[PDB]
Structure formats: C-alpha cells, structure tokens
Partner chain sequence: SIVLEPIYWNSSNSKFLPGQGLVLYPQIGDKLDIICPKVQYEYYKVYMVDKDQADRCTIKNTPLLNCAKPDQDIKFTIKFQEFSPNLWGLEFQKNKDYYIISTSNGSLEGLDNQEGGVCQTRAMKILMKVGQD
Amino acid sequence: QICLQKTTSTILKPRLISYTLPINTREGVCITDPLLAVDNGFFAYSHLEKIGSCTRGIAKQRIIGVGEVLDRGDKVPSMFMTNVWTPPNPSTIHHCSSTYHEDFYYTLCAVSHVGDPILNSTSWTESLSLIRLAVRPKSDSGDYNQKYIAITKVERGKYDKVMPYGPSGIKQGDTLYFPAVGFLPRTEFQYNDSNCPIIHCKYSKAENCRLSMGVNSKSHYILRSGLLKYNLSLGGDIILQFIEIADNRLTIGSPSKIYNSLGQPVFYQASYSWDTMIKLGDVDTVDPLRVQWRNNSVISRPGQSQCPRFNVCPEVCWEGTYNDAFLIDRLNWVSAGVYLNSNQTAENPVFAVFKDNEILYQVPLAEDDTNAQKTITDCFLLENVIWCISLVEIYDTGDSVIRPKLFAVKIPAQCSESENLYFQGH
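Now I need the structure of the chain on its own, in the form solved without the partner chain.
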C-alpha cells in the first residue's frame, strides 16, 4: 500500500496544479477566505477577492465554484472548473461550507450585515443560505444548474444561534452534514473547573478552560463545534438541525471538517486555544457527534505569546490556524496534511505524512521562509495510487500577492530508492 517507515530522503515531490483554474492574480487585489472540498471526482472551491487590504479592503467578488478532478491520461489529478456563481453583495457572505451529493455541491453560508459573526456575535442576526451548483451543468434543463435558497427553519436546541464553520462536510445516504458552530450565552454554559487539566501546569488556573471557551474571557457567548444536518429526503421547506460535539477533549468551537476515508467518517477540529496539539479522529457517532481523538504528539500549530506551538497547559487564549489532515490508512492510522513549521508566526508550510507519534516523511512547500495560513488537504485514489490535493493560503513572492495555491502530492507506495539486499538477505 504505502511507505510506512520513517524516511529522511526525498520521496515527496509536490506539484502546482492551480494553472488550470481561473484563480488569476491582479496587482492590488487580495484573494482571501478560501475553501476547498473534493469528493467522488468533483471539487468545490471558494474565495473572496478584496481590492486593497485583505481585511479592510473593498469586497470585489466572492467566487463559489465547482468542477471536475480528472485523470487526463498522464496519471495525475487535474482540476477543471465547470460552474461558477457570484453573489451580488459579496461583503455579506461569510463562512461558506461545501458538501457533495449526487449531482450537486451544496454550499451553506452565513449572511451578515455586521461583518464576521464570530467577532460581532451579539449583533449578528442568524441568517443562513445555501447555493446549490450542478457539477456537470446541462443546457436548457432549468433550476438544476444554480439554485439559491434562504434557510427559514433551523433547529438549534439550547443554542442562541448556529452557523457553518469549516470548509467541507459529508453526505450519508440522502442526508448532508456541514461542520458548524453554536453560540451559547456564557451564563448558560455548564462547566466544572476541577476537570480543567492543570495538574503539572504551574502557571495555569482552574478557570482557564472555561474562560477560553469564548473568543475572550468576558465574551457574551461561548462557542461549541458541531454539525448542521440537512436531510434531503424530507422535501419541501429546508430544515437544518444542529448537532453539538460531545464534551470529550472539549476546546472552543472552531473551523472543522468531516470527511469519509476508507468507508467511515473522520473529523478534524482546528486548535484555536490552549490545547495546541492536532485534533482529529474517527467519528464514533455522527448524531450525537463523538470523535475518537488521536493522542497525537508530533503535529501542532503556531500560536502567539500565550499559546505557542506544542503548548499543552490551559491558558486564556484565542489563537491558531486551520491546518487539517486527511487519514490515508486506518489500520496504521497514518494521515497527510500541511502544517506550519513555526512557533509563534504563521509561516513555513510543510507537507507531512505522519502517525500519532512520528512524522514518517515530509517536504517544505516553499523554498525559503514564507508567510502561510489556512491549509486544506483531501486525498483519494487514482487507479491505485494515493494522491492528495492541498490548498495553501500563502504570500506569493513572484507577484507580491496573498493567494491560495493548490499542490498535488503523490504518496509513495515504496519507502526506498532500492530494495536493500542487506536487510532482506538472499
């Protein structure tokens, strides 16, 4: 199957694959807030173009697109866009999340007139919409190609409001599941401070876990990750139902994703607070949602002062970046993803194949130290070769632009340059 030994050598040779897609840089335009999803030989992609500042510039265009991932005969995956939609008020669309089912990608987004709902939570009126796009659109054949739906029925249980929160979800049967987050008033949050793991942490106080379940210690809301379920069999009015994540290894609600690998679902949750080691695992149950988190000791993420990479003591912290990983071998629990090789700055993307306690092999994605942020990795088989596609949000030196780049990385089946007659003997 795959190379399962640690290898210091050069068995990973990533390739750039965005040149076939309409991601076209222009001086003075920043390309931000990207999403990538890959399922069943199709993909979904989104970004926001801003004129000027990536955070304060003029929203120019929100791209929401779908397409095909093809083997054109050269035994590599190539990406071609088939269907693009742009909303007329791009500044109001936030936190899109894409899930594939049969003919379509369904993309669930938040609609907001007060900016990012995470930063303006009390002032955001809950408003969700869905854009449905055919992956292979057809002439005449109305309503099929593109369909916009405002969601009117949301079942949110005890949460004051809910929102998609992560790049991509899964289908099971005819039910869609999007990574999501629920906003619960801090006063209603039940948490026992004695369970906060401070045992061998000299400067951590028992209140630290509960305080860092919102974006600051005095936030009106705490954030809880979960799923938004959309059963397509029901028909008629769309009903989204929120499913909260169980409280084993609970961290602040954060961008997440759920995906199928080798026939079962898997979950990644970004580490946006004091528990900085990577959070991913097989999903035990989807509803209620419970994840069997790996005890991973080698993959972390960069932070800032209080919660830097490899920090494990509870602190009051809202820091980190989304850098997911994709399970490629369940028997040996081996995963592939891009991590940022830096302690307190978002820098230096490295593609790595790793187990719980050891990185097997890895390659830097840039030739010198480079600012990079969110990374999203999805893997699949081409015939019987494991390929991964990784989106990397990056500062691009060539044209002096912030933009997503897409790499394709073939996972080696053989560990070694040669067979090695010493170890095997005659």
Given for the second form:
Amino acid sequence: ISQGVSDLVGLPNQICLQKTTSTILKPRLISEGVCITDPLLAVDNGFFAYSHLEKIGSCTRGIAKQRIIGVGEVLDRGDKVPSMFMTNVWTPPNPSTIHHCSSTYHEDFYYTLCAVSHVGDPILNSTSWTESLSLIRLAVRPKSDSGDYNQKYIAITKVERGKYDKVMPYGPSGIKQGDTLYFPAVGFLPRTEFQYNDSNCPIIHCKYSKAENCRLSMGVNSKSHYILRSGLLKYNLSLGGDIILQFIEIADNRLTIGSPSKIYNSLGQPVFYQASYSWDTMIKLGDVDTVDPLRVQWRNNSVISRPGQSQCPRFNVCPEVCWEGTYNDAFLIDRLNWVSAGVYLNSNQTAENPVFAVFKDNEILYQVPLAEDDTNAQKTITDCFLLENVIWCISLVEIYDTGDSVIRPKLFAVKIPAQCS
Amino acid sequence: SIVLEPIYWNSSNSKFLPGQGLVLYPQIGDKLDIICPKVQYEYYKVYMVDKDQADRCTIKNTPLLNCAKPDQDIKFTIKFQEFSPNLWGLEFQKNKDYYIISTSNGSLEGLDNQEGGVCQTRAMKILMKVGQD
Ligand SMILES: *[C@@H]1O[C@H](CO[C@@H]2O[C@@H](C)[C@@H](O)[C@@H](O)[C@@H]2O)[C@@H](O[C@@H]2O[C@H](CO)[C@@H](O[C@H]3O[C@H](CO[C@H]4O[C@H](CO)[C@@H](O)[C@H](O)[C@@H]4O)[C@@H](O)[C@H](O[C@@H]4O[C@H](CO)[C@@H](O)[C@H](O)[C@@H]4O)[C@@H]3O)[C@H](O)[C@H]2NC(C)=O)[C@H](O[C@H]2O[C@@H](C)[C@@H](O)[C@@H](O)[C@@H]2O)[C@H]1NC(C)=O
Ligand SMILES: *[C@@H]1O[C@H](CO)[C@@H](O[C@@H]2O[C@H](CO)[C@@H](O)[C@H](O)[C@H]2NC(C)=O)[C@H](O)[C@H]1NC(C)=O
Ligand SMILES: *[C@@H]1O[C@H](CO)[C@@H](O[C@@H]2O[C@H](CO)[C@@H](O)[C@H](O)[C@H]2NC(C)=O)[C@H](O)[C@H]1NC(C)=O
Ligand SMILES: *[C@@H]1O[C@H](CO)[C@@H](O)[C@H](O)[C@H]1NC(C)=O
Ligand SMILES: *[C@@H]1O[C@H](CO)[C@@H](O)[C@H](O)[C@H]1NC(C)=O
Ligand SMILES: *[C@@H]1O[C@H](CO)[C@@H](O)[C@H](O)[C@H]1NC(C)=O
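Compare with the form solved without the partner chain: the form solved in complex with the partner chain:
Now the complete complex, all chains and molecules, led by this one.
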C-alpha cells in the first residue's frame, strides 16, 4: 500500500465508465483592479510548479507588476482531499520581459524554461524578437543555508534549432525520461523555407475551402513572415557542463499551427496535448509514439472542441485561414478505455461556462459545471494523480464572474468516482 | 445582464442611419451577435478599427467577419468581458469607445477594398459606447 499523493501510475481504483446524466462529480475549491494572468500549473510526484503574472488594469494590456514562479507540495489535507502548499517562491526582476514559461520536474527541482523579450510576446512580434531563453531551477523542498540549492539560474551555452531561426518554450509543463527533460516548444520557420504540398489540405466536403488554407493557417495570419511548428526542447542533464537545448519538431501527422502544448506521463507512457488555434477545432491529444522525432498518435475525438471566432468557431472542421481559440488541456486517466479528464469551455465563440468532463473519443461519460453559465472562463490546465490509489484531478482555471474586483485563477479538486449509478 | 438584440450586417438594415450608422451603448457582461444573413448576396469583410479609421472610412488587421458564403449564415458573437478566444487581445473596457466598419463595396470583386466602400456610402458602421448611458 502507498499513501499520500503520487503519480498516476500502476493500477488505480477503477473509475465509473458509463454515461450518466446526473451529477456524480464533486469539485472542491482549493486555496483591487488587478488581473492575474499567464498561469502555469504542473503536478509531478507530490509536488507542483505554479506561475502567474500580476497586472494593473486589463488582463491583456495592463502594466505587468509581478511574475511569480513557485513550487510546492500536493498533500492530503487530512480529510482525504488534495490541497496545495507553496514552499519556494521566486519573483524575477523585470516582469514585462518574461514570456511563455514551461516547467518540468526532476528529482529535487523544477526546471522552468522562459523566453525573454524586450519587444513583447515573441508570437505577436516574431520578426523583432531576438531569441533569448532563461532557465531557473527551484528546489521543491528548500533548505536553509544551502547555497545555490534553493534557487539557481542555469546559463544556456547552446541552442540547436535545426533549420529554424528561432525556438522558445510554448506550453505549461513537460516531462523527464531518465535524466533528459523535454519542454513543449515552438519553432519559427520562414514561410519561404516551409516544405508543404498543398494537396494534403483536406478540402473535400468543404466547398468554400481552398487547397492553400492549411499552409496559410500555419502562421498567425496568411502573410506572416514565419510559420509556427510545435515540438519539444530537449535538455539532457547527464551531459557534463553543457546545457544544450535542442528543438524536436512535431511530425506533420494531423498538422496544425504551433500552439501552447503539454507533454505528460499518464500510467507510464508519454501523452501529448496541443491547443487548437486554427481551423481544426476538435481536441488534439494522444499517446506519443516516439519522443525523438516527436510523433503523436492523435485521437479521433468528436465530442470536445473549443470556442473560436467568426471564421473557425467551436465544431469547425473545414480548413479556413484563422488564428483563434483557447488552451484547455485534458489528462489521460485510463489507457485501457482511453478516457481523459479536463475542462472545456461550453461556448461557441465566447470564453465562458467552464465544465469539468470525463470523456472518451466519441462520448462524454460524465461532466459537471464548475460555476454558473455566463461565468467567464479561459485557459484551463488539468493534471490528475493518485491519493492513496484514488484518481484525483486538479485543474487551474482562469475564471471570474462579471463584477469581480479581482480576476484570479482558481484551483479545483475533482475526485474521479468509482461507481456510476 | 442581458443579451443585446442581434445586428444583421446587410444593407437593408434600417438601424444603420444615413451618415451615422448604428450606436449601441453596451455594458460590461452583455452579449452581442453580428450576423451576415443567408441568401442576390452581399459580400463584406467587417473590421474593428480606431476612431480615426472609422471617420475616414479606411482599414489597414484581421477581419471580425468574412461574409463570402452565400450558402451559410455567418455569425460573430461578442461578450463584453476580459476573456475571449481572440489571440490578438480583444477586449472591451467600460467608458471606452469601439468602432466596427466595413470597407467593402458589397460585390465579390470589392471584398478587399481598403478605402471608402459601404462605410462612407451607406453608413454601415457600428459605434459601441461600452458601459455608458
Ligand atoms: C454552436 O454551434 C454549433 C455548430 O454550428 C455549426 O458548426 C459551425 C462550425 C458553423 O459551421 C455553424 O454555421 C454551424 O451551424 C451549433 O450546432 C449546430 O446547429 C445546427 C442547427 O443550427 C445543427 O444542424 C444542421 O445540420 C442538420 C443535419 O445535421 C447533421 O450532422 C451531424 C454530424 O454529426 C449530426 O449529429 C446531426 O444529427 C445531423 O445528422 C441539418 O439537417 C440542419 O438543417 C435543416 O436541414 C435541411 C435539410 O433538409 C436544410 O435544407 C436546412 O438548412 C434546414 O435548416 C442544420 O443545418 C447542427 O447539427 C449543430 N451542430 C452540432 C455539432 O451540434 C449550436 O447550435 C445550438 O443552437 C441552438 C440554438 C439550436 O439551434 C441547437 O440545434 C444547436 O445545437 C451552436 N450553439 C448555440 C448556442 O448557438
Ligand atoms: C543523454 O546523454 C547521455 C550522455 O552521453 C547519453 O548516454 C550515453 O549515450 C550513448 C548512446 O546511447 C552511449 O554510447 C553512452 O555510453 C551513454 N553513456 C551514458 C553514461 O549514459 C544519453 O543517451 C542521452 N540521452 C538522450 C535522450 O539524449
Ligand atoms: C484516427 O483515425 C485515423 C484515420 O481513420 C487512423 O489512421 C489509420 O490507422 C490505421 C492503423 O494504424 C492505418 O492502417 C490507416 O492507414 C490509418 N489511416 C486511415 C485509416 O486513413 C488512426 O489510427 C486513428 N487513431 C486512433 C487513435 O484511433
Ligand atoms: C514590436 O517591436 C517593435 C520594435 O522592433 C516595437 O516598437 C513595437 O512596439 C512592438 N510591437 C508589438 C506589438 O510587440
Ligand atoms: C503533392 O501530392 C501529389 C499527390 O499526392 C503529387 O502527385 C504531387 O507531386 C505532390 N506535389 C509536389 C509539388 O510534389
Ligand atoms: C468594387 O470595387 C472594385 C475595385 O476595388 C471595382 O472594380 C468594382 O467594380 C466594384 N464594384 C462595385 C459594385 O462597386
């Protein structure tokens, strides 16, 4: 028997595996003029990584005030419910220059990869961005008078980007495989060097779509200088002295524009999630066939999508030239039946009505609202784990109700039920 | 607490006054639909622009609506809140003014016109005074 919080591995207690329309899920909430934004959550081995940016004013265009990068532990709060406790917090000096952080756990530390820019978000100012990456290492259990043990910068000697001009982390969390860490990343490729056959664009059954739409939707607009390609940044700790990050591109199997992504281990194998930021609006997740080169075995899911805008709203499947959507990941909790848990936004074109759902490729077995309808919600990050062999999920949800003073993320704890009736 | 009344973006809409267009006054939390109706079809690209671009009837941006499908109903919904599926930072701030225009001449050959068009000739423009009156 194993007590405490631990990775979703081995043989957990079985979970309810048929469709139920009644509420059997019970979300538990865990612990002026400001908006807290750009959130990150990672849960690995009883520890977690967290980050956010505090802004004065709007969440989009407010003045960046404080960046928090913290780690902690996930524990039994005594009553058989997980809760989170911060142990080590770091606030870098210039909050407006830190972008797109990504955290991966390895035994004593979380390693957090960020992008540094003096021109804003590299995605929105790609051509003016000078690629610059930062690495901060944080001990999950800090020690007094331990030198560089608690907090450490790591200087990156070399970046191996292949044919790409620029690369940077793109997504909340990555994994370790032995002593090698992988971060979700994105590569910047000039359109003139992009190798693509326009005849792979699936325009049959879409009379208004044209063969060029897929290639044109590989960048943030039709005439972007770059296209964005998802992948991984690889950091092999076993090497001596050398901090080298190499980019590993994702395969062109069900290719979509590079978007924030997550690679995680569930029941012992790597799983991948890529946000749907263009015309292919059905959820993109699946088991990883190969890590290098990165290849994802995408599920053929017909139940989960994301809100969009006019051109590619929720449930759009026909190739259009669009760049819109939300990041709402899902976490594989049973490979034998391929059931995952995650939060989706139950709206066609608006960021509202968050719903926690447990689902299969072609059906949602059970779900529950996290708030009321017309409650505003955005990015959601889900990680599920074991608490004395019961599957639990923790979801970070960007959420607020109209009229709130403070826009803040919330943490939700959901126990996955064992029996369905 | 409300869903505002939908705006049909076609020339026969009488709520676009001559020379003035439509003025709205939506409040924080409202929802709005801008619909390009189903079908002789009118073709538009509809944009959100600044005060100066609306007064001179010019565009220079990614459209909010791309009405080039005579077969289908195209819809755009806004909730006047901080969060959005827009990746360019679409937000609506109370006591701020937002302008929606189209520079198309209505024909398929004029979808991408960048001056004049149906904004200065039909006053097919929306003025949203967010969180006012
Ligand atoms: C949110 O958006 C949903 C998706 O909208 C659609 O997709 C996006 C990407 C855009 O392309 C939009 O323009 C699309 O509308 C929307 O749900 C859609 O709602 C449609 C009705 O408005 C509905 O019906 C249409 O298709 C059927 C046939 O459907 C077949 O295939 C699916 C695929 O699995 C099957 O599941 C279905 O069972 C069907 O077999 C048409 O028959 C129907 O039309 C009529 O059919 C005539 C043929 O004889 C035709 O000439 C004539 O046009 C008739 O009107 C529709 O055209 C879609 O099936 C549905 N899609 C999904 C995925 O659910 C949501 O609508 C809800 O809105 C409320 C108000 C209500 O209308 C509900 O029906 C609907 O679920 C959108 N939600 C909101 C809140 O707006
Ligand atoms: C990470 O780096 C280590 C260090 O080189 C790699 O391990 C070695 O790799 C080669 C090829 O497998 C062997 O010939 C060496 O004998 C290995 N030595 C040791 C001590 O492991 C490792 O393969 C690298 N892993 C990744 C994923 O890059
Ligand atoms: C999702 O659907 C695609 C297409 O239906 C599947 O791809 C097929 O996979 C089989 C087995 O690997 C191949 O023999 C076919 O050639 C593939 N292409 C087809 C049928 O067009 C894919 O395997 C499906 N993925 C999952 C997880 O079910
Ligand atoms: C992009 O970079 C330029 C400097 O090259 C800067 O002046 C401009 O404000 C930036 N804009 C955005 C949207 O990042
Ligand atoms: C694109 O694919 C088609 C058929 O799959 C092939 O005949 C064609 O040569 C390809 N295009 C190029 C430029 O090679
Ligand atoms: C629309 O504009 C194009 C040029 O931009 C012009 O050639 C065409 O005749 C115009 N059509 C109408 C109906 O105004």
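Only residues modelled in both forms are compared. Numbering follows the first chain given and starts at 1. For clarity, a rigid core is taken as the largest C-alpha set superposing within 1.5 Å between two forms.
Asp399: CA moves 2 Å or more between the two forms after rigid-core fitting. Here the two forms are laid over each other by their core, and the C-alpha of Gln190 is off by 1.0 Å between the two forms. Shown is the Cα shift of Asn145 between the two forms after rigid core superposition, which amounts to 0.3 Å. Shifted regions between the two forms (core-superposed; runs of 3+ residues, all CA displacements of 2 Å or more, residues common to both forms): 149 to 152, 396 to 401.
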